[PDB]
Amino acid sequence: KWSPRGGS
Amino acid sequence: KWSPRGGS
Amino acid sequence: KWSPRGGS
Amino acid sequence: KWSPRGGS
Amino acid sequence: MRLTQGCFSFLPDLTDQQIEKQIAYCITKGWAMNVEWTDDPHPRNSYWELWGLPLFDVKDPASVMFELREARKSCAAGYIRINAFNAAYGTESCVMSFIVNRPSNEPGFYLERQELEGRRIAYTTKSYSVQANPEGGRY
Amino acid sequence: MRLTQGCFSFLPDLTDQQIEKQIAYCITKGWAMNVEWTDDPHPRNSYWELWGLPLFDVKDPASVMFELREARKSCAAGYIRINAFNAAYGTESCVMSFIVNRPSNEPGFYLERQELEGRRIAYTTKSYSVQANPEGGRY
Amino acid sequence: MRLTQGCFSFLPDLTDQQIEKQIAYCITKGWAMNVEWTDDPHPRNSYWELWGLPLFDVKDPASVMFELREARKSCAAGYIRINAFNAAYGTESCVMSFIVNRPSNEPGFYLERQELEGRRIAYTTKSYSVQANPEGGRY
Amino acid sequence: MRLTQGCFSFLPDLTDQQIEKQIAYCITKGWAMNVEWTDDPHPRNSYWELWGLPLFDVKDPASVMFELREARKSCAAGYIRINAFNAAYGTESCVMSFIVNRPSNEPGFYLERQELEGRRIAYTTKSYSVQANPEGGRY
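First to last, the sequence lines map onto chains A, B, C, D, E, F, G and H.
Take 1 as the starting number for the first sequence in the working numbering and just add one per residue.
Take 1 as the starting number for the second sequence in the working numbering and just add one per residue.
Take 1 as the starting number for the third sequence in the working numbering and just add one per residue.
Take 1 as the starting number for the fourth sequence in the working numbering and just add one per residue.
Take 1 as the starting number for the fifth sequence in the working numbering and just add one per residue.
Take 1 as the starting number for the sixth sequence in the working numbering and just add one per residue.
Take 1 as the starting number for the seventh sequence in the working numbering and just add one per residue.
Take 1 as the starting number for the eighth sequence in the working numbering and just add one per residue.
Just so you know, these hints were derived from the structure itself, not from any lab.
Incorrect hints may have been included.
[To be verified] Calculated cross-link-like contacts (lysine-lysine; reagent style BS3-like; alpha-carbon spacing at most 30 Å):
| id | chain 1 | residue 1 | chain 2 | residue 2 |
| --- | --- | --- | --- | --- |
| 1 | F | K21 | F | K73 |
| 2 | E | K29 | E | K59 |
| 3 | F | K59 | C | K1 |
| 4 | A | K1 | E | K126 |
| 5 | H | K59 | H | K21 |
| 6 | E | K126 | B | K1 |
| 7 | G | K59 | G | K73 |
| 8 | A | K1 | D | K1 |
| 9 | G | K126 | G | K73 |
| 10 | E | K73 | C | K1 |
| 11 | H | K126 | D | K1 |
| 12 | G | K126 | B | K1 |
| 13 | E | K126 | D | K1 |
| 14 | H | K126 | H | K73 |
| 15 | E | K126 | F | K126 |
Based on the sequences and whatever the hints tell you, model everything.
Structure below.
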């Protein structure tokens with residue numbers, strides 16, 4: 001959830 | 001979805 | 001919408 | 001709400 | 001955090017009657033008054049945005065109060081300040097400055113530390129509001 | 001904010017008929033024309049992306065208009081510009097450049113201030129769109 | 001990631017009984033004890049925030065344990081540490097320091113590399129928690 | 001964007017049979033093989049993370065293939081590479097290196113430009129994935 005939120 | 005999220 | 005998203 | 005949004 | 005720039009920031013926000021008295025004190029000296037606005041509160045940000053020309057020969061605080069009222073309902077969320085200038089030989093500079101409007105909340109700043117030669121550090125002060133949104137939509 | 005790079009940015013966006021006339025003026029001089037694109041508008045970003053080779057001996061604006069039409073429907077959101085080059089001894093450089101397509105909205109830039117020796121500051125100009133998304137998805 | 005500052009960070013979190021014993025060891029030497037807090041764990045962040053004055057002539061660990069209990073329920077999420085000072089001629093400095101409270105999770109840091117002359121790099125260490133939120137709301 | 005580090009990055013991703021053949025070529029020379037992993041693809045990031053010790057006297061590619069299979073199902077999303085070392089007098093260095101696993105998508109990098117003396121610029125290359133998430137959760 002905190003990994004796909006940024007750095008597409 | 002990753003383009004409108006930031007850089008209004 | 002792009003102003004309250006960041007800079008609380 | 002502005003604290004859990006970032007800095008996992 | 002509360003921004004502590006200005007001469008009365010350790011006192012509560014001043015009322016309109018309080019502001020009018022300080023203006024009355026500057027005009028009794030013969031000083032010129034002006035109003036400014038900004039959404040970037042960095043301590044080295046010297047030039048705030050000008051609200052019209054300075055009021056040079058106005059001799060009634062009501063004229064200054066009116067202009068401040070307009071800016072309040074016209075400008076975006078941010079900060080407003082009133083300044084007084086003295087053009088007398090030996091001075092020719094500002095002689096008073098205080099904040100008269102603040103945003104609902106201000107997150108503040110943080111420090112970045114670049115390591116150079118030996119134990120020396122090059123510091124940079126950064127604003128949370130500025131880094132997040134463009135001018136006009138920071139607060 | 002409106003980006004003010006180019007020779008006609010203080011005028012409204014130009015119509016297709018307006019663009020064709022300026023092209024007709026450059027070909028009457030014998031200049032070579034080309035079209036470029038970018039999504040990074042930093043003022044020191046010298047090399048925009050090339051759209052094909054320059055049109056050296058084309059003697060009809062319709063050929064230039066066609067190429068611009070293609071780029072418009074082919075490239076991603078961002079900026080497009082038309083340039084004219086003069087290879088005459090004594091010049092051998094560009095002699096005209098103007099913007100001909102803009103994004104729906106541009107947030108602009110902000111300044112970062114690193115403090116060095118004495119009172120000196122090292123400035124860095126930063127783009128909101130670039131810092132937020134990779135090339136192709138900034139606008 | 002687990003922050004490895006302090007003398008016992010390669011051991012599991014210590015129990016209250018364990019903490020009391022270490023305090024009892026420092027007072028048998030005659031050292032002064034104090035408690036500090038911070039939400040910025042950069043390795044060059046020398047000054048943490050002070051929790052009251054140092055306990056100079058307290059001769060019972062229960063007094064130190066009480067103060068730590070208060071901070072725990074009073075301060076925001078972040079880190080807490082206990083220090084011991086020796087004012088004897090030849091020392092006049094801290095002689096012990098260990099962490100006694102941690103946040104639910106810590107993302108850690110990353111490196112930025114600025115390229116200068118030849119092959120030299122100027123490094124900067126950056127914290128994920130700090131860059132994301134202001135003091136008081138980082139964890 | 002596709003990261004172009006390695007000797008075969010201008011060719012499509014290689015199949016398992018393709019990988020085995022290249023390994024068979026390095027062992028016929030007598031070279032030592034090893035496997036590495038990282039989630040920070042900066043071009044000056046010299047030390048990737050080691051997966052066990054190098055295989056010095058293994059004389060069968062099946063042993064190398066097995067280890068790579070384990071890393072694939074054990075490590076987090078990111079990049080994996082195979083290297084070959086030659087310890088002969090006159091060399092004592094790596095003599096081959098190629099990528100053998102990539103993330104679903106890589107956003108790439110952007111440039112920051114600090115203005116120094118005259119017209120000089122100090123450049124910094126920045127990764128979108130790194131700046132957004134800590135190690136372990138970048139892809």
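Right, here's what the structure says about each hint:
no.: 1; hint: F:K21 with F:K73; result: holds, 22 Å
no.: 2; hint: E:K29 with E:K59; result: holds, 11 Å
no.: 3; hint: F:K59 with C:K1; result: violated, 50 Å
no.: 4; hint: A:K1 with E:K126; result: holds, 28 Å
no.: 5; hint: H:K59 with H:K21; result: holds, 13 Å
no.: 6; hint: E:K126 with B:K1; result: holds, 29 Å
no.: 7; hint: G:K59 with G:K73; result: holds, 24 Å
no.: 8; hint: A:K1 with D:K1; result: holds, 15 Å
no.: 9; hint: G:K126 with G:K73; result: holds, 29 Å
no.: 10; hint: E:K73 with C:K1; result: holds, 21 Å
no.: 11; hint: H:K126 with D:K1; result: holds, 29 Å
no.: 12; hint: G:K126 with B:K1; result: holds, 28 Å
no.: 13; hint: E:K126 with D:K1; result: holds, 22 Å
no.: 14; hint: H:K126 with H:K73; result: holds, 29 Å
no.: 15; hint: E:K126 with F:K126; result: holds, 13 Å
Comparing the model with each earlier hint shows a violation of hint 3 alone; every other hint is respected.
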